[PDB]
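Read through the structure below, which is laid out as C-alpha cells, and then see the notes.
A protein chain is absent from this complex, but the other protein chains hold their places.
Lettered A and B in written order, each chain numbered from 1.
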Amino acid sequence: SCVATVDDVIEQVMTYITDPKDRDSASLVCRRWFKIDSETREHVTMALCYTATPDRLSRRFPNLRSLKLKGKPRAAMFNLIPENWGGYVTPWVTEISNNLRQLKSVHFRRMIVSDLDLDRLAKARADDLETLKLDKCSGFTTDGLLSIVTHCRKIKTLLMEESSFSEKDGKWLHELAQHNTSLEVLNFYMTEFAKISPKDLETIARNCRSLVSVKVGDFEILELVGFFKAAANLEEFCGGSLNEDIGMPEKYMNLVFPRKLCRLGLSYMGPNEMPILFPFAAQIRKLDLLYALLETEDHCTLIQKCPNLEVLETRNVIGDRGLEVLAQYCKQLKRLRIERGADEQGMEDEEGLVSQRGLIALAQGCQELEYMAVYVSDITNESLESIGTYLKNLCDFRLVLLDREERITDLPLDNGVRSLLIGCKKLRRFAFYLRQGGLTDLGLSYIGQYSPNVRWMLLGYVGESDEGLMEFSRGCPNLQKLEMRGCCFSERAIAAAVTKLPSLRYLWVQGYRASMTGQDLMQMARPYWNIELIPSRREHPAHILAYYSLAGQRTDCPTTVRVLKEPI
Amino acid sequence: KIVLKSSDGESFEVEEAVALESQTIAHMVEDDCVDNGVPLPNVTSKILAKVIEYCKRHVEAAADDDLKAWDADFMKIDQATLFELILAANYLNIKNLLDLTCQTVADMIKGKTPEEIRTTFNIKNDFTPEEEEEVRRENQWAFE
Partner (left out) sequence: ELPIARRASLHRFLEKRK
C-alpha cells in the first residue's frame, strides 16, 4: 500500500461532474484526465453542425448517450435563410449507426432530415432510442415517422414541433396506439396534420400510463374529450382548436380537463370559451396564449386568476393594461415573452400596444424575472433604468421596437441601456433591435463595455458610424455568437471588429455597406475561419455568415451560396 | 453486534444495522465468515474508524435539516484522507458515502481552470502544445 493519489480515484469522481463547462476544464488538466472525460461524457451539443466532422465527434466521445445538433442559423426561423442552405443530417446518422453505439437520445434542431436517413436511424438504434426530437426540421415524410415508431418500440419522448414534412397518411400515429406503452412526452405543436385520427391519440392516452405532456395540431378540442378523460397523469397540453359556431353557445362548457394539468395553452381560444380554465387557474403555472384569439381586456381577467403563473407567452395584445395586471398578481413570474401580433389593421385593439408604461410597471411587480422578451411599440430611457434596477437575475433579455410608431418619446437610449446592463449582471443573452436614430456610437460602446457575461447578442439598428462598432469591439469579453441586421457598418469595419473580439466564433449579418470588390471582408481571414455569403428564401440583402470549424469548407453549399477563399 | 478486523489487526465492536450499510458486509452474512469476524485487510484502521462514525450517525435517521450540517462538517478533512475514504466506500458498498466523498472531490474542481486544478492537486501537465490546442479548439468551437 502506497499513498493514495488523485489518480487512484478520478475515474469514479469524474461521473459526479455534470456541468459541461467543468468537464470542459477537467479534460484539459492532463492526458489521463482527458481520456477519462472522453470515455464518460454522456451528452454533447453542437451549436453548428458544420463545426466539426462527425468522425471527430465519435472519436472524442465514443460513448455518448445523448446528442443535439443544430443546423441552420437562427435567422431561418424568420424565413430569412434559403431552404436548401444546409444542415443535412445524413453524415451524422451514418456516424451514429457505426460509432455511437450507445446513443439513446437524439435532438436535431433546424436541420434537414430525410426519409432515408431516419429509416437508417430507426433500424440502426431501434429499441434503444428512448428520445427523438425533430425540432423545426424539414425534408421528411410520414413514412419516416412510420419507420421510427415501428422499429423503436420503447420510445419515451417523440417531438416534431414546427417541422415541415409531407403527410401521406396517419399510420404512424395508429402504429403508436396499437403498440406503444412507454411514451412520456409527445409533441407535434406547430404542425399541419390532417390525416391522424383523434381516436388514435385517445387510445394512446389509455395505454401510456406515464404520459405527462402532449402538444397537438388543429384537432377539434371536442374530439379530444375521450383523450382528456383517459390522460390521467397529463401535466401539459398545448394545441388543439377552439371552433365556435353560434348554434352552440354552451359547446365547450362540459370539458373534463385532466386533474394534474398545470402547463397549457389552447389554440384559437376566444373570450366565450376562456371560462373553461377558471375552475383551476390557481393551479396553472405556464400559459401559451400565443395562438389565442382573445383581446386586451380578456387578458386581464384571466391573468388576474393565476397567482402562481411563472411562465407566460403571448402576443402584444396583452397591452400595457394587461402587463399592469400581471405586475401585482403574478409575483412568481420567471419567464415572459411578447411576440408581435397583427400589425396591419391598426393594432389588435386600441390598448394592444406595449410601452414604457407597462414595462416599468412590470419591472416593479415581477422581480423574479429570468427571461424577458418583448416586441414593444414605444420606450423611454427611464424604463430601461428600472429594468436593471429591480429584476437582477435577468439572464436573457430581448427588446425589439416596432417601426409602426412615428415619433418615439426620447430616442437615443444610450443611458438607459447603460444602467440596464449594469444592474443585470447575471445577463448572458441579450437582443436589442431598434430604429435608426436609436443608439449612438457612444451608447453602442457602452454595450461592449458593460456586458461581461453576455455570450450571445442580436443587435438591431444600433450605432451611427463604424466608430461605434470598433468601440464596441474592444469589449465583449465573453461574446461567442453575434447576429446583427439593419446596420450602417461597412465591410472593413466588420472585418476589423471581428479580429478585436476575443471570444467570437459565430457571426451572421444582413445589411452592411458592401463593395463590388468584396475584398474588404477578406481582412478577417484567419485559419479555421469559414465565411459564406447568401440571398434569401423561406428584396433580400446579402447575408454574411462566418464560423470557426476544424473541418474546412462544407461540400453541400447550394448554388445560391458563395464561399470566400482569398483572391477569387 | 459484529466484529470487523481492520488492515492492521484491529477488532471493531459495531452494532447490527451499522455494519449492514455496507452491502459488502451484508452479502457476507450469507456465506457467513462472521465466525472469525469479517476480515478487511484493505482498510487502514484510521479510515475504517471514520467510516463507522459516518454510518453510526446516518443509521440514527429512525428518529434531514441537521444532516446536511453534520455531513458538510464531517468532510472538513485533508485530501489524502478524503481519497482513502472514497476507495473505502467503494471497497465496501456504501452508496450514500460515495455520493458524498466523491461529490466532495468533485466540488474541489467545480469552478477552477485547468491550471488552478493541477495546482490544487499537484498534477504535471503532459500535453504537447498541439494536443492542448486541439482539445481547447474542440472544446470552444465544436462541442458544448
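FYI, contacts are C-beta pairs under 8 Å (C-beta built on N, C-alpha and C of every residue); 3 or more make two chains touch, one makes a residue touch a chain.
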{"item": "Contact list for the unshown chain, restricted to visible chains", "value": "A"}
{"item": "Per the touch definition above, residue among A:6, A:26 or A:80 touching the missing chain", "value": "A:80"}
{"item": "Option touching the unshown chain, where A:67, A:111 or A:293 are the choices", "value": "A:293"}
{"item": "Residues of subunit A in contact with the chain not shown", "value": "75, 77-80, 162, 190, 218, 290-291, 293, 315, 339-342, 400, 402-403, 485-486, 510-511, 538-539, 541"}
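In this text, only the chains that are shown with their structure count from here on.
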{"item": "Separation of mean Cα positions, subunit B and subunit A [Å, integer]", "value": "41"}
{"item": "Subunit B contact footprint on subunit A (complex, rising order)", "value": "1, 3-6, 8-9, 12-13, 16-17, 19-31, 33-34, 44-46, 51-52, 56-57, 60-61, 505, 528, 548-550"}
{"item": "Interface residues, subunit B side, partner subunit A - complex", "value": "7, 44, 79-80, 83-84, 86-87, 90, 98-99, 102-103, 105-106, 109-114, 117-118, 121, 123-127, 131-132, 135-144"}
